[PDB]
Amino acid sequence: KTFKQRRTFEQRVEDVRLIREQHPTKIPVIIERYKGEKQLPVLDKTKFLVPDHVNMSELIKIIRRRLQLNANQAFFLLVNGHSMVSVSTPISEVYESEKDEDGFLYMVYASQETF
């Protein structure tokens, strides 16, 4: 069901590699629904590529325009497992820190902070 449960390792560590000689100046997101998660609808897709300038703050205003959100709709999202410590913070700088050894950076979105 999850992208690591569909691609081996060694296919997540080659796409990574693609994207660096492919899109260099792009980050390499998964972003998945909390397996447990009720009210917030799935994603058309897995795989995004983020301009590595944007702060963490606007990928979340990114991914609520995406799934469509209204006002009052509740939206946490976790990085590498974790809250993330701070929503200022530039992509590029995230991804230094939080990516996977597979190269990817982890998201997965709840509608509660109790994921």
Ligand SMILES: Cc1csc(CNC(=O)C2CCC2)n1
Contents of the next structure:
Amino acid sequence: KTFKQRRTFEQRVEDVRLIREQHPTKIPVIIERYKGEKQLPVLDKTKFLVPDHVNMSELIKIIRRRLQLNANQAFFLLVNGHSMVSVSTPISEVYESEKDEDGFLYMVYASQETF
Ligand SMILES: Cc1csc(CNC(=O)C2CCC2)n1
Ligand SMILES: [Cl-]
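Please show me the structure of the same protein in the form solved in complex with this ligand, now that we have looked at it in the form deposited without this ligand.
Once more the chain from above appears, this time first in line as the rest of the complex follows.
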């Protein structure tokens, strides 16, 4: 059902290696709905190439636009299983500290801070 479940560690690693070869300025991001989530829709896809210069505040804006949310729908984004200490950090920096061992950066969204 989830991404890690669909693809072998081997497959996720080789894919990250190809994105490096072909999309060298992009951060390979996995963005998934919380398995409890009722209110927000599922994304049209799972794997995203995020320009390495955008900060987390702008990545939240991007996903809210992708979900076609309105002003007073709530949106919370976990990175590597936990809260973001800051939304102002560039995603290149966030990748280097919060990346998975397979080389993706893993995010999960919900309408409550209680995931
Ligand atoms: C910044 C951002 C968020 S999702 C996105 C598009 N994601 C992709 O799969 C590729 C097409 C070129 C990047 N762009
Ligand atoms: Cl590129």
